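Just one chain is shown here, as structure tokens, and it is the form deposited without ligand GTP.
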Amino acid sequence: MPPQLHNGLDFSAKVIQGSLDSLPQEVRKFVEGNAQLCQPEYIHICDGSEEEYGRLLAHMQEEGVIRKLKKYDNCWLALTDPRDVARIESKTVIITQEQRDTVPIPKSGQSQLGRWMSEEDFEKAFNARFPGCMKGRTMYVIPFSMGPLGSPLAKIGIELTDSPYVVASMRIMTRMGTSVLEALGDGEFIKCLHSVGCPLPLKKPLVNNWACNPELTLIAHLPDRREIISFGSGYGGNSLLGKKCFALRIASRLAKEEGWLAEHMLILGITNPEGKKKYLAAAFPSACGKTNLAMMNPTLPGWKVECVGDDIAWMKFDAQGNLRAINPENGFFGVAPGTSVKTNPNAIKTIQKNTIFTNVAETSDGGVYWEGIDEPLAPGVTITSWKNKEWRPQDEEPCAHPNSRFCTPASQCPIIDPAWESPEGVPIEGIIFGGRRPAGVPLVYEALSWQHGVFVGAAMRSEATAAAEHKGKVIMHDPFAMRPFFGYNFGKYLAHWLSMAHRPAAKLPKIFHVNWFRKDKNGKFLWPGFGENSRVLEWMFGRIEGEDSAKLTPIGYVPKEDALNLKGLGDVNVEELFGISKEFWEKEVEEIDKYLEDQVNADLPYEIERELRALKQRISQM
């Protein structure tokens, strides 16, 4: 197709699967233009077949890139370079003409709400990375669909990558292959480009057979151009470009433009003993219990929880005013450590087959191991750590990396919701905010209004986790659990959320805030959690139904005395678990005030400032 005076623009002869001729016009140009830049040795157009999948895994195996886990059905283990183990927020940038479209201008001068880079600066960064980056490697072309095919809310992308690990994982986490290209036709697609940044011959040493370029790692988003461009990292959040990059950052901006929402929320369906089912969404920060909640095993008899998704929601008010949500993903990319029969039995049943593990320990009989797995091993069974060394319980360091993962098909979840792929989405009746707060924040409260509910989201704070580069357990702001993921100005995001109240016939969800992670004076968890969280969901259910089970406090509604079912617990310290201290909350509100003044400033909606003033006043009166 392409004109040329010589022979170095048409890449037809380097195609090892599929055809550039069979590709839609704009797809061909996208692939070929980037082939000209990156200079791959081969181009593989992914078809999404099981044959393609097994053969690629086998190839990675023979190359030492992955290992087969012999104990399980079609399960695999990758060990990364220790420099490439999580998201890096400081190297995650969005490109816009004006900085203020991307982040509010902070009064202090350092934004905690995203990272902006000028188009001039990015072009320099791009030219210093991508030319020739795929030399000696295969460029895989991944046609992928976010959302279930046929969904009005579904969006398709093309990811170019030089990483087989990215291909395999994208097969799990998205709908990918030939049928997606057929669905696309001559339509629009998000342009996604990824490279590990290690052209052959290697100029730097390879660590644990894991190609990466930590020094040059850059995860860039160009909303105007509809492009995502990621360099130097193979880790999930950095490399699986449909997930955080498209489904959150790109899509949140599109959402604001088009009147819907793209959120860091799980979706679950809960059924009560009276035969009633409601769908709930929940925004918790990374590694703060979303996956546990999404596929929870309720301890309360007659209650059932079913899973729609554990990470991302795309939501839109329909003509009927119902807030309808879909899961854009096709799998779960869940945190491994802490996963056990005790904490998450439904996950355990999911990850036994067709699952890729990254940075977990391996047992000598070909099984997986991590901190908190709560399964003893037979005598004689030994452990190889994520660092490919022999590991024993007394080794000081963990057998698995704290941010190690499973990447597993959603269809395999034993309690996957019957409607998890329904084109119309599911109706959300309650939205839950929450994070890790060791002190001051009660087990559960309910917002006083939509506007107060938006403030509660905006005010969210949670302990730092291992999901990114932030060390320790320092309590950080994480509004709407979206801090690492805003595709545009957080102030405008708040305004967008607030605008939902004025939408025709809108049936606004009840908004709650939970704290599973409150500790007492000597650092013990006040709440058993996991399956016991069904007791809090029960109370939320009744509140949505309009049950008179609430008591007014300065921070919102809490359960009345004896309103929460605590049967089979009994020892629970309800005094301090539900306690609200004037002193803590005076401190809390002043901290929120200063944060919003600094970080949001001229872009802070009046309604949010008003809620802040109201809360300060309610506290001053207690």
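Positions refer to the first chain, counted from 1. What we label the rigid core is the largest C-alpha set whose atoms superpose within 1.5 Å from one form to the other. Residues that one form lacks are left out of the comparison. What changes on going to the form solved in complex with ligand GTP:
- Only one of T80, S534, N346, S151 has its C-alpha shifted by 2 Å or more between these two forms once the core is superposed, and that residue is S151.
- Under a 2 Å criterion for C-alpha shift, the consecutive stretches of 3+ residues that differ between these two forms after core superposition lie at 2-8, 150-152.
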Given for the second form:
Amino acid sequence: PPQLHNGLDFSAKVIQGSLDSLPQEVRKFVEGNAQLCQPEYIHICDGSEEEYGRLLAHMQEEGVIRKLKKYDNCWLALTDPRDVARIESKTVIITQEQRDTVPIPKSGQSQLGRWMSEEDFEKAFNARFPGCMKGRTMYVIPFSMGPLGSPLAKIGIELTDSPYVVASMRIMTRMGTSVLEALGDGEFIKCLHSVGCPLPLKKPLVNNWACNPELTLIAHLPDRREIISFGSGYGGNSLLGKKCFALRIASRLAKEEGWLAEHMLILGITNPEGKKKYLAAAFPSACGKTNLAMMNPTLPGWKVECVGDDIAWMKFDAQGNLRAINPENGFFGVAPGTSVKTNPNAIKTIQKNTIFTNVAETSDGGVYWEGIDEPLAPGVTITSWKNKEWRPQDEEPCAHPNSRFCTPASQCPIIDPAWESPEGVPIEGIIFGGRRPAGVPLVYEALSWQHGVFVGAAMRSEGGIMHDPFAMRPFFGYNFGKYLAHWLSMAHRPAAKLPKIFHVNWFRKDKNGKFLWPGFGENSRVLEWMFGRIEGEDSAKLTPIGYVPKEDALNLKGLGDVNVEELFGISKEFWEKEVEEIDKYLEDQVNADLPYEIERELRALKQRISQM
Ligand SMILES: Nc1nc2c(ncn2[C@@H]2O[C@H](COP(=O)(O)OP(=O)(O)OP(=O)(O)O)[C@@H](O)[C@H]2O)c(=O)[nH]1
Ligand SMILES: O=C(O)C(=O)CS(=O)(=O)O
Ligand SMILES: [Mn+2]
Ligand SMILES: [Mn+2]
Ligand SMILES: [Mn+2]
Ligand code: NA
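Switch from the form deposited without ligand GTP to the form solved in complex with ligand GTP and print that structure.
Next comes the full complex, this chain leading.
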């Protein structure tokens, strides 16, 4: 009799599964947080189809989702307009020393992370979590990041009061009983989440979407293997396996253990000769990873296949190959801009078993968003994401710009045969890229590994303004300076077969703000060039910024009107500005934690530019 009364025994409140079936430390995790959060019910997720349909029915009954009648088992959730995206300002990492998490900025304001003390977090935690799940179900999500059972997979337990989180996590991860069995008495990442709206409600509910914007806080405690998230039900704030776990926690572990957790798509590309290579590409959010990951190549005889569109875990094998796996189980893709033109393969994926968030609904029960490129029949009407009637004449979009689809990976018609291989896929090329409207040509190749890493460090998003090194600005699990040092150390691994490093720019514009490159499926012409360069073809011309394609090295047939002078042009004047800017940025944001080799590469680039 380990108790004097009932104890912390929550058995009486279990409505799915059994606490007795849980590994000991898992049970402890549940009951400790049950005591803190005070849920009315505990639901231990098994991951079955039966559970999933019952969950969707419950949410349908609760008014939390709408069935999209035009498609097969597709659903729509509409959110509070205050809870529409992963929120960087409320995202923090707790460590003993600030500098372990983020370099100390000379300006006194860091773009590379957001550190919170243990003391401050404890106060914030205590002001948020006690009784937060009152009147709600605590769902227990046992999930594997990476192929189930594999020793490279990592397991988490997410406790959440959101059924929307459960349904999405079932798509985005491998979840259920088999995960608990794979876990045994092993280590797991502790993931705690609440929408922060205990019953009875204190503030009004908008669009049946529970959230607490004012108290929204997404915290990480890597030393405790803990992710603790409050107040948002949206994407990266709530699906804790994705950014919180597979990037922030995992990059820190990767640093300690000799691997890599990165914001990268993984694709397999096959040339007309049937030769296949795998490539990894880091672009910032909103810069087109998912379009490339799922590309339909315009060039005949070329094939692209998707391993993953968002997150990559990578490490060397015994033979020196950099091996990559997608730790996700689905795609959580931006809906607006998705079309037959921009992503035909996504269009084919998302018509069954898919959850949409903040897109518009058509009167015949279908989905709509800006950039969909499909006219509707006259008479068909649109309900916006704000649940109002909508006309193309309105002063606002029918879908939120960050509206999403959530879709099973295995459903993708071009999903790669090896997308679940526990040994991972051999990466032969790493592609960096972002939005650079000026100065940066379509593609270049790095001069060396060290130059490659410098190229990643100098990536940009948002109109070529915001620095987003390695597409990881909001995702570093630790000090950026040390992350660079970790990337640089890869060149010292004996027999390491280092991938070639490229930088792309789909976004160069002319003087009128017109895109100089067609992009999307046409980016196959760029990947072809990369493929050949990996094969060691004599197709490259040396410049101050790296190797670029020679004249006529790129297949431009079918695009005879491309302004090649402007697209591939390199200006001494522009690049002088570029180095000066990178210098100020690294001085301000990285300073004492900058590895010497990065300083050297900045000097080397400046040097080559001075000889123009
Ligand atoms: N001009 C141009 N735009 C592109 C191309 N590929 C993608 N885009 C744009 O990039 C945006 C879509 O990419 P997203 O799905 O938002 O980016 P992502 O990297 O998948 O972002 P997350 O899913 O948030 O990580 C849209 O604005 C597209 O128009 C291209 O080849 N050319
Ligand atoms: O912002 C991103 O990079 C995303 O992939 C969406 S979310 O998972 O952070 O919501
Ligand atoms: Mn009810
Ligand atoms: Mn994406
Ligand atoms: Mn992303
Ligand atoms: Na809703």
